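Here the complex is missing one protein chain, while the rest keep their positions.
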Amino acid sequence: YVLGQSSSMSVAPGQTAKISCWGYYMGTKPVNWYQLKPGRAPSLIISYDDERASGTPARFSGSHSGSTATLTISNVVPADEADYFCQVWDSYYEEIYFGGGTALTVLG
Amino acid sequence: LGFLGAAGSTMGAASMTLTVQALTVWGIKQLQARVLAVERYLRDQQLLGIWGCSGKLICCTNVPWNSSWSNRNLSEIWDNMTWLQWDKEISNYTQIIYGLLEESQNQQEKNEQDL
Amino acid sequence: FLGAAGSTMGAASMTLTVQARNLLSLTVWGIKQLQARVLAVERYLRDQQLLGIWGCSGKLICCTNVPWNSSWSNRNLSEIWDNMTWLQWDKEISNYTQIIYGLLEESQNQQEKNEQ
Amino acid sequence: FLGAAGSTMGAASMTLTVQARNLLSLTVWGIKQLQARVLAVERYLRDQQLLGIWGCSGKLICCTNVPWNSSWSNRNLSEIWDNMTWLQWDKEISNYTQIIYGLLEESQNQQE
Amino acid sequence: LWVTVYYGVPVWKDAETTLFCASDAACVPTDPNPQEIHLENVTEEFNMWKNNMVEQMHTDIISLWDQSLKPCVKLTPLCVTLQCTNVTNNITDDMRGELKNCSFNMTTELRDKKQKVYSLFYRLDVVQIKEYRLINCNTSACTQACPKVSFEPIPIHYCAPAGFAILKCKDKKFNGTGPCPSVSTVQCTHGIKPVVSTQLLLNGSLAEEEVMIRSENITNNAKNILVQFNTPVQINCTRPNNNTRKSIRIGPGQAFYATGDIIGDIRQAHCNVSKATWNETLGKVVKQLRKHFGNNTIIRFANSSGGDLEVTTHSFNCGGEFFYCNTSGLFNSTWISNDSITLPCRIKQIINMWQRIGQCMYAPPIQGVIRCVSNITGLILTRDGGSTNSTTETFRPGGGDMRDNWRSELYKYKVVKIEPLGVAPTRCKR
Amino acid sequence: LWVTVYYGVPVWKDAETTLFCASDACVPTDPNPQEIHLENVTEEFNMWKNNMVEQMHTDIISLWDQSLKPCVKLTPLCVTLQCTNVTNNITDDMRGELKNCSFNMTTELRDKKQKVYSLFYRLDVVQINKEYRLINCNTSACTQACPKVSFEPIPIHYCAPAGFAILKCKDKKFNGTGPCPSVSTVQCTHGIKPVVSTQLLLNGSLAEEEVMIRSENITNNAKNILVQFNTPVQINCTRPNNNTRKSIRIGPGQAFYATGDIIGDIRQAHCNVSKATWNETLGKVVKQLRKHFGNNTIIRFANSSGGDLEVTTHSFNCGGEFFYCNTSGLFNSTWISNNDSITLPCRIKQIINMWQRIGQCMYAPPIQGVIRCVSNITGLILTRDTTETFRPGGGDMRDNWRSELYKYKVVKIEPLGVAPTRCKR
Amino acid sequence: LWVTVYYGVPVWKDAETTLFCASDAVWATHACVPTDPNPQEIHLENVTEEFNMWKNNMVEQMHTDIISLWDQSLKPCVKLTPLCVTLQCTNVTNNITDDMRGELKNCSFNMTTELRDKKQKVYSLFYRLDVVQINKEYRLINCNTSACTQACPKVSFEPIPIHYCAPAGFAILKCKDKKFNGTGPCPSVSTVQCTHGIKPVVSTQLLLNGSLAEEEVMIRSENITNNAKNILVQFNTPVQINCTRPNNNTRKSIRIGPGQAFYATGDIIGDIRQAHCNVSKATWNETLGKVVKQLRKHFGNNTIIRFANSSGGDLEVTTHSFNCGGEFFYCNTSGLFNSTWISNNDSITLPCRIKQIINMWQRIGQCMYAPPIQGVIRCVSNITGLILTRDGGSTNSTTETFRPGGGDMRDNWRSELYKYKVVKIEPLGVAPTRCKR
Partner (left out) sequence: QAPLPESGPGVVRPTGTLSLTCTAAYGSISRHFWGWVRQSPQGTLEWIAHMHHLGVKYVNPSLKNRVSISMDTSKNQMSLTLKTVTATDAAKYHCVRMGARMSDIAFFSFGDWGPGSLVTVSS
């Protein structure tokens, strides 16, 4: 199983990018948001649906409502261009569910 | 017992594996021993029941965490702190918390259940 | 401890927790004060078992399906909650207590158990 | 006390409280007496621990989610409730109950 | 069908627990009445030969006997050289030499003074080294009984703690081992009397409608046979030896009671049974003994084999003195498929009961003529166990360990342990 | 309206239990016996059926017994003593009160004996018929009080076990019985000194308002009267008989401390009280007695009637020596309708049969040098027989401890309670 | 954030409790719960606990328990009150070997019989250490402080192993660090229910039948620079010691009262030869070299380590005192500690004297009489440690000398209960978590 995720998308600098994660087997489980840039290992940026990891700027934020989770990036700079993923833990099925990944690209 | 194996594990790692399935003179000795064991077991069980967590090994309560008890973080005390360290840093604050747990959410909730 | 003995029956129903903690803590002297500890433990366990039979389990302020028989003091709830302490209630209910215990034991618990 | 030893299990299930109530009560004599008292208390507590492990600490009759495996007894619900006493059940179920308590622990700790 | 848990279930298992006193008013008074509940339709296996009550009662009775002797005088000074002569008073011919008149020296209240005293000692207590010494000086110094404490057997009841029950077999024809159709549960036992006797059970409990015969193995000659009588056979035991006890101050607050002068003549202490009653009782015994031993056997009753006086004689306690009677006139008969029997008795003062060595008690003399009437309600017999070539088997009075005395009382009682956890299938679910 | 169950209800009834002592066979105390004052309470006390006293009696008896277990048993002292008078500055008073007795005694070697001598008080020797013997040899030989253990009464605090509570009354005018408007719940009793005395209660507590008279049934003359003082009366007791204590080895590891030679003159031990203070306190007592016997009765204080020396005299312990003082100068007065000192001559005894028990005495070893003690008379024990005569009383020692455990009682708590409420399950 | 309550949290504190018996079955080993089939030991991974061998309460409780057991066993036994008589003694110069001259004495005396008016003139052989003149008139050394209780011949002094188990709610922390001095942090800990078997061996200068160190000799002390604190040396290879009493003595039985028998010493069948212990010289010096090497670490590799004998005091502190099969030996350990190491077959024979009146545990007023053991006694044991003392400071010197020391008998059990400590568990814990209701 793979969680649904927003289609790969592009923003103009200074705008806000929203990445959505959803699925039937998602429910209220907290979502962790991960970043992936070329030349690096993936890093936690968001935990427990709203907790900013160390080094995560105040621009990044999280929310969870229903079976939908939203990673909101405000005042986007070209440094944010990367592949972004959502992850949850299903205790009933005892499985990690990762997102399909959304490629956030920057115009201009 | 012998569950102490997670003593060095961080609290977040402890908590979890902590849901896995769980003549006339020495006669005074191994009678005070067992009486004390029974008294302590009953005291912990009664204290839990007073807090409203009678059967639950992990029990969330309605007593907000005061901003003068830890004030450290929530991602490091579960990933960079052990339970022994936590008890060392929290000790002599546990009595106030026990009082808050006992007064609130059970004495202030059982009465409101039928009011 | 015991600070609400002279207070109203209801105001004293806000401190049941402080009177519950105090309920449990030469060879001749040790034996004398061992049976005190064993007696306290067994008395607390008997009270808890009595509550558990009555469906009180671990609660302090329960609610029972037994209805209040009118032949018990004939007073109103205002008098039995606002101008009377637990002590005169205890002295007024006296005798009429084993009947209460039986009604709690069988009329509610066993009847509901066989009902389910 | 114990009056329903010969009665059927269905007819002995309404007299559980009487049995449950009697489970709780120079110097050398006091040692033996106090030891017996403490032992009785320990049995009551260590068997209430079992009851609370299966999630019914406050109850006298517990109904669980464990399926009744046919490998034990394999008989009708009428013969074993209207044509037998509990003492007849103890001999038949003996040397199985040590696994039943398992599959009574799990099906509560893990399922819920 | 799902597992359903029941607490309070009425099932039990054999156990070996500890029971407590119920001494009616280190023992607690009883309730107004030890109510019993008859269990209908229940069959329980009884075996009185593996009963733990008969062992705990032994240890309890030994311990209470020891406790009553703690605050009493220890006759250490009594271990001295006694110069004894014969009584040569107005004696009969059967009391020639049984009593001795001994003069000796005892410590006074004041440590620097010694008093010359005399006492009358039975022959069984003195051993010659005209110079004698008490028979115990080789082994221990005897503890004299406090003159106030009595040797009466007072009723005691054994009550099981919480979580245990006592099952009583009400079956009349119960032979001590096997199923018992009629079972009751009692809070605790009826008044049981710790009567210390050998070869003859005294003032005990009678059977109903027949004389009962019990044994761990009726074919094994090494196991004592217990006979329980339908009707009592009354013994009259007397000591026609009007006595005088004198107190001798043997220390600062310690008194030793010694036999003074027997005023009048001196005669054998003796017990009497009725000839007719004893013959009828032995007829019942032989009739019920044939049922186990073939209808064509010849039954012989003979006296004991030999050994210590505590086993070869009917030993008991009559009004505070310790009698050892010669039971040869009772067990002397052969049986083929208003008179009185007089049993001669000797009296001892230095006694070491329960086969224990190194702890002895000295029974003070009791003033005046002592009379006692009591019921024989059983025997402890032992078969000779010879060869099958003969069709005649002989039975001799026993008198082994004292547990046989208390078996004959706690034979209908067993202790059980309540297991209140029961699992049964029921629909319900969740 | 339906029944509702409450656990932790604050109710109690009178109880009987075993309390435990909390010293400063005993356990350490708490920093403070926190008294929670119970407002709007009115509870009935009875100082005369209090089992807190019957328990303290057995507690002190057992503590005394276990303090004598390891000590030397003076069995060899029960010998024939050859005694003579003690001359040489004997004084007109205290003539024949001391005897010089020689006797043979056992040594550390079982085959050797030593001729030793000692001074015995006349009250401890009886003639045998010059030749004497100790008075206890007829009844029982007895232990010797070890010099290491002191007789000074250490305070003991009685504490309620789990599930029980101790209620202390704070009323200033308690009669000992009846209602008490002001009650508190105290975890452990205050420091109660087990002072053993007769007639005059020493080192006790004071009434804080006025002289208090406590009786069971004050119209029953058989019962005794306990009088409590608002102001203490100082009593100075002394034994001006400087004397040596010699050690006689009576066996392997056993030493008997005898009396040697008294250095100086022989003078009688005595207790001094102030005449003015005693008269004032007796006036207060008479005034309070008039409240119960009417304001027109003649109050006459006469001395004790008869009995043993342990009941006819004020008996106490002054620095290890057991005094028996003749208090016939204190209780000698008559009140109809409205410096200087009183000297009470005392006698010292060495064989002590405490607590009226027979068969167990104790030998108090002599204390070297002059003995002096000062103490407070804070109560009396009186017995009554148109004029009412009161005499000093010497009843059982419980009365000594009643005057201290008179504002305390033990109660048993009931958690369970059922009350009607508008709720259903 | 909200409070969450966890039951089963792994937290302990230092605490003192009453650990109980554990044996592996005529001493008090029957009234002691028997051991489990196999010990349940768990390894606390990555935990560093603070131990202190010198403030341990297990040592004190073991001390009190052993005194209580010893006193309990010497209760139903004969009390030799009559033995306090005047003894007429002569010398025993028959097969004397030039070295046990004067040490034995032949004493005749009158004692009570079973009859109170008769006395018997009996004789017994007593060692010189147990008699004192009263000015050829002698008395037992104890008959001016206390009367001795005769040890019952049925009981055995052979030390049975005992395990100490913590009660429910408590745990014992074993320190498995090979290089653990005994104070401070131990970065390898396990939790055990019961300790391993600890033999209650009583010895003064040389620790016997103990537990060996691993891979090196260990020096332990409360304060190394304090000369008043003893130094505990734990060996890694045992040094075998063979102790014998060559005398073939015969045991008499004197009836001294009703049911009371006193076991005297009869005539010696053979020659009178001193009791002695033998230690292999080569092994002793190869072990003392290791001790010197380890001791140089706490004092510098230039100082010279000297070994000298006991300074002074009573016989139970200036001699290696032990109990070899019922007989109480006091051996002169002067040939062991006599050496000087600066910077870089054969046997040693320690003479031993034998005592019968024993005031064990430095208690005054309580003595015990050991009945003779018939026949030749020979026992082989392991020296597994030493208890040394450093004298004064001898400031500004290159010389440090060490003398054997006895001290208390607790030091005999500090060497076994050094790797253990007792802790109390708190299941309960409160933590901040995101929850509600």
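Should a chain be cited, it is by its letter among A, B, C, D, E, F and G, assigned in written order, with residues numbered from 1 in that chain.
Convention: a residue touches a chain if its C-beta (ideal position, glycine included) is under 8 Å from a C-beta of that chain, and two chains touch if they have at least 3 such contacts.
Participant: Determine which one of A:43, A:61, A:68 or A:72 touches the chain that has been left out.
Facilitator: Missing-chain contact among the listed residues: A:43.
Participant: If you put the missing chain back, which residues of subunit G would it touch?
Facilitator: Residues 4, 45-46, 433-435 of subunit G touch the chain that is not shown.
Participant: With the missing chain put back, which residues of subunit B would touch it? List them for me.
Facilitator: 5-6, 8-10, 12-13, 15-20, 58, 60, 74-75, 78-79
Participant: By the contact definition given up top, give the residues of subunit A that touch the hidden chain.
Facilitator: Residue positions of subunit A that touch the missing chain: 2, 28-30, 32, 34, 36, 41-44, 47-48, 83, 85, 87, 89, 91, 94-96, 98, 100-101.
Keep in mind that, in the parts below, only the chains that are shown with their structure count from here on.
Participant: Quick check: more C-beta contact pairs at A-B or at B-C?
Facilitator: B-C
Participant: Approximately how many whole Å separate the CA-defined centres of subunit C and subunit F?
Facilitator: 43
Participant: Between subunit D and subunit G, what distance separates the C-alpha centroids? Give it in angstrom.
Facilitator: Each chain's C-alpha centroid was found; their separation is 53 Å.
Participant: Tell me, which residues of subunit F touch at least two other chains?
Facilitator: Subunit F, residues with two or more chain partners: 4, 421, 423.
Participant: Where in subunit C do residues touch two or more other chains at once?
Facilitator: 13, 15-17, 20, 24-25, 27-28, 31, 34-35, 37-38, 41, 44-45, 55-58, 60-61, 63
Participant: Which positions of subunit E touch subunit D when the two form their complex?
Facilitator: Going by the criterion above, the answer is residues 1-13, 17-18, 20, 26, 37, 39-42, 63, 67, 161-163, 165, 185, 418-430.
Participant: Would you mind writing out the residues of subunit G in touch with subunit F in their complex?
Facilitator: Contact set of subunit G toward subunit F: 81-82, 84-86, 110, 134, 139, 142-147, 365.
Participant: Which of the residues in subunit A end up touching subunit B in this complex?
Facilitator: 47, 51, 53
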